[PDB]
Each structure stands twice: as C-alpha cells, then as structure tokens.
Amino acid sequence: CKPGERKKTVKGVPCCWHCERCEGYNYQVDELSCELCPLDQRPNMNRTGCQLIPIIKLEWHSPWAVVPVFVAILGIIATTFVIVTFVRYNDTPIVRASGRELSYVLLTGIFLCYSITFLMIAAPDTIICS
Amino acid sequence: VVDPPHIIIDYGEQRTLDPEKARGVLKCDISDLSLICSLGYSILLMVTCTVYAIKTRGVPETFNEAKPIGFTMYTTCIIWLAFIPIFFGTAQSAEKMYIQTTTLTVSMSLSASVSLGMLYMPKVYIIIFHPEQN
Amino acid sequence: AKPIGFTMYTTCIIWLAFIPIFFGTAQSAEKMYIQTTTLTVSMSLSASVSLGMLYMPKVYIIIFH
Ligand SMILES: O=C(Nc1ccc(Oc2ccc(Cl)cn2)c(Cl)c1)c1ccccn1
Numbered sequence: 520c521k522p523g524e525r526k527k528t529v530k531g532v533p534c535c536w537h538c539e540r541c542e543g544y545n546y547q548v549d550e551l552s553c554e555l556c557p558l559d560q561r562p563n564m565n566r567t568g569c570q571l572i573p574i575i576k577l578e579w580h581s582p583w584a585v586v587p588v589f590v591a592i593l594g595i596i597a598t599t600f601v602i603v604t605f606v607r608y609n610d611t612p613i614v615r616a617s618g619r620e621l622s623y624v625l626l627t628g629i630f631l632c633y634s635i636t637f638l639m640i641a642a643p644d645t646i647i648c649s
Numbered sequence: 715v716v717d718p719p720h721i722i723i724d725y726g727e728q729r730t731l732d733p734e735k736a737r738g739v740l741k742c743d744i745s746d747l748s749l750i751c752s753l754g755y756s757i758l759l760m761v762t763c764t765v766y767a768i769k770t771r772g773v774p775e776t777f778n779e780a781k782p783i784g785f786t787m788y789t790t791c792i793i794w795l796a797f798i799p800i801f802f803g804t805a806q807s808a809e810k811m812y813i814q815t816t817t818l819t820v821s822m823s824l825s826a827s828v829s830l831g832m833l834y835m836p837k838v839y840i841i842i843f844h845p846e847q848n
Numbered sequence: 780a781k782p783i784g785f786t787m788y789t790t791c792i793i794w795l796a797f798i799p800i801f802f803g804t805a806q807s808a809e810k811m812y813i814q815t816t817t818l819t820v821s822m823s824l825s826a827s828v829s830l831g832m833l834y835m836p837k838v839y840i841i842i843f844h
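Protein chains in written order, with full-length UniProt numbering: chain A, 520 to 649; chain B, 715 to 848; chain C, 780 to 844.
The following block holds chain A by itself, in its conformation from the complex:
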C-alpha cells in the first residue's frame, strides 16, 4: 500500500491485504489505521501528518477598510478646523451665544466617533479591544 493507504488483511491469508485511502480529515500514523488531526490543524498532503490551518483577519488594504478610513480622515480634518476656528474667535458674540462649554463637549464626541472608527478597523491584539 502507498502512503496514505490503510491496510486490511483477509482472514486466513497473511498475504494480499487491502488498501484504503481513509478520508479528508484523517492522517495515518499507525500504517494500519489513520488517526484524526485536532480542530486546530489539518491533514498534511502526504496523508500521514497534520498541518496548521491558516488564520485570517481584517487587513488595512482591503476594500472593506479603505472607505471608513477615508471618511474618518476627512471628518477629523474638518473637526480640527472647526475647533481651531472656535479657539481663535473665542470672544466673538456668536461663539459666546453658542453655549461654549457644551459645544466643546459635543466636538469631543464627534472626534471620538471618528477615532473609534479607526480603532474598530485596526487589529485584534488584546489591548485594542480594551
């Protein structure tokens, strides 16, 4: 029997066994029976071993990420411009009538929304979920 084939012997005749290729998620270490690779890894090409299953994530250069990142950059630039414009003209009547403190709180909220878009896109390395 070739590698990856399992031996079964006819009763009464030690000679001329039968071969059998087992299945997709099994590997043959006994040369007479084929075991099973755990959920982590995957049977090797030779059908007598195991190989690790590849891991996938969300990548920065994918189409799923180019649009939200673009929007976040544009929004952050706009909010920074607004904040600086308010800072320069702090004593003018319009800003004084805008409700300054709560306006600054709202601006912080907008900035935080864009930043959390960045965070959600970034990566799963423990502290990021924190």
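Just so you know, these hints were derived from the structure itself, not from any lab. Worth double-checking, as some hints may not be accurate.
Taking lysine-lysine and the DSBU-like style, the derived pairs with C-alpha atoms no more than 30 Å apart in a straight line are [stated by the list, open to error]:
1) 810(C) to 810(B)
2) 769(B) to 837(B)
3) 741(B) to 810(B)
4) 837(B) to 810(C)
Residues of chain B clear of chain A, computed beta-carbon distances all greater than 10 Å [claimed, not checked]:
5) 716
6) 767
7) 768
8) 807
9) 846
Okay, the calculated beta carbon distance ranges per label pair [to be verified]:
10) 537(A) to 812(C): 44 to 54 Å
11) 773(B) to 607(A): 23 to 33 Å
12) 811(B) to 530(A): 48 to 58 Å
13) 592(A) to 772(B): 24 to 34 Å
14) 809(C) to 604(A): 34 to 44 Å
15) 784(C) to 810(B): 25 to 35 Å
16) 795(B) to 835(C): 15 to 25 Å
17) 621(A) to 734(B): 51 to 61 Å
Idealized CB from N, CA, C, for every residue including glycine.
Position chains B and C with the ligand against the provided structure of chain A, taking the given hints into account.
Chains B and C with the ligand alone, transformed into the frame defined by chain A:
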C-alpha cells in the same frame, strides 16, 4: 472587573469538507449582545433627547438653536432605526464580521458628520467669510 | 427645500440599508422569501416617505382647515 478582555482564534466554526478551505478567524469576544448592551445607554439618551425636542417645538425664537436640534435628532434617529435591521438580518451569513464592522463604523461617522455640520458649519462660514456681522 | 432634502436623505438611508441585507444572506432555502420581502418593503417604504413628506400636510390643511 467581571471579565478582562481576551482574544479568541476561531480555528473552527467555519469547518468545510475541503481541508484546503479551512480557515481560522481572529477576533476578541465582542459578541452581538455585547454591542447591543454597550450601545443601549447612548440610544436611550438619544430617545429622551428626541422626546424633549418633540415636546419643545415652538419658541419665540429668542431660544434659537432649537430648530437645528430637532433636525439633528430626527436625522440621527432615522440612522439608528435603519441600523438595527442590518445587524439583525446579516446574523447568519458567510461574511458577517466584515459587514457588521463596516456598518457600525459608517453609522457612527454619519451621526458625527450630521451633528458637526448642521450645528457648527454655518457659524464657521459666517465667522470667516462675513466678519462684518460677527 | 426642506421636504425635498428630507425625502432624499430618508430614501438614501433606506437603499443603503437595503444593499447589505439583500446581497448578503444565509444562502439557505428561505433565501427567496427574504430577498422578496426585503425588496418589496424597501420600495413601499420609499413610496410612503415621498407621499408623506410631499402631500399629506397639504391634504390635511385642505380638508381640516
Ligand atoms: O452600513 C450601511 N450600509 C452599507 C452599504 C453597503 C455595504 O456594502 C456591502 C458590500 C457587500 C455586501 Cl454582501 C453587503 N454590503 C455595507 Cl457593508 C453597508 C448603512 C446604511 C444605512 C444606514 C446605516 N448603515
């Protein structure tokens, strides 16, 4: 305090008959119920603010900024009322994670843009382009 | 101006919500049901939004005032 954040590699949960197609997915807990629970308090604040805006229509115009507030609140409520069915409808799908991430990020960006624009941009425009009436 | 802006905004939100629910589905037996219901409800919602934001106030004033 209850449970420190940890990552999970779903080495399974997408097991196919072809061993070549097998893929693990890297994530960190953050199940759907967690998203709903973490967003619930903010959504409740939203709803009560919209209720007060509904109850305060009609002003001698001395109390300005009420009319822009109403428009902002209606817009944001429409956004999130549309968000809910997408989250509850793509639950069983082949690319659930990508759609959910994109939906959440887009929704938050849209809400921030609506508030920022409709509550601040006229003031900036007047301040720079027309200094005579500041 | 305001009714037209509101109509555009709401219709755009409806269709941007339609795209992910329609093109991503559980690829199971009930796929035709889900897709048909989603399409029909989206189209009806858009029509109702236009009718409500452009014509209902005028009819209300004409009949009741
Ligand atoms: O996220 C939103 N809309 C959206 C639109 C297009 C999208 O693109 C795709 C691409 C492929 C597939 Cl299968 C499915 N959706 C995706 Cl993910 C999402 C949205 C819309 C209205 C209000 C709030 N949020």
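Hint check results:
no.: 1; hint: 810(C) to 810(B); verdict: 16 Å, holds
no.: 2; hint: 769(B) to 837(B); verdict: 26 Å, holds
no.: 3; hint: 741(B) to 810(B); verdict: 12 Å, holds
no.: 4; hint: 837(B) to 810(C); verdict: 50 Å, violated
no.: 5; hint: 716; verdict: 14 Å, holds
no.: 6; hint: 767; verdict: 15 Å, holds
no.: 7; hint: 768; verdict: 20 Å, holds
no.: 8; hint: 807; verdict: 14 Å, holds
no.: 9; hint: 846; verdict: 12 Å, holds
no.: 10; hint: 537(A) to 812(C): 44 to 54 Å; verdict: 49 Å, holds
no.: 11; hint: 773(B) to 607(A): 23 to 33 Å; verdict: 31 Å, holds
no.: 12; hint: 811(B) to 530(A): 48 to 58 Å; verdict: 54 Å, holds
no.: 13; hint: 592(A) to 772(B): 24 to 34 Å; verdict: 40 Å, violated
no.: 14; hint: 809(C) to 604(A): 34 to 44 Å; verdict: 53 Å, violated
no.: 15; hint: 784(C) to 810(B): 25 to 35 Å; verdict: 34 Å, holds
no.: 16; hint: 795(B) to 835(C): 15 to 25 Å; verdict: 20 Å, holds
no.: 17; hint: 621(A) to 734(B): 51 to 61 Å; verdict: 57 Å, holds
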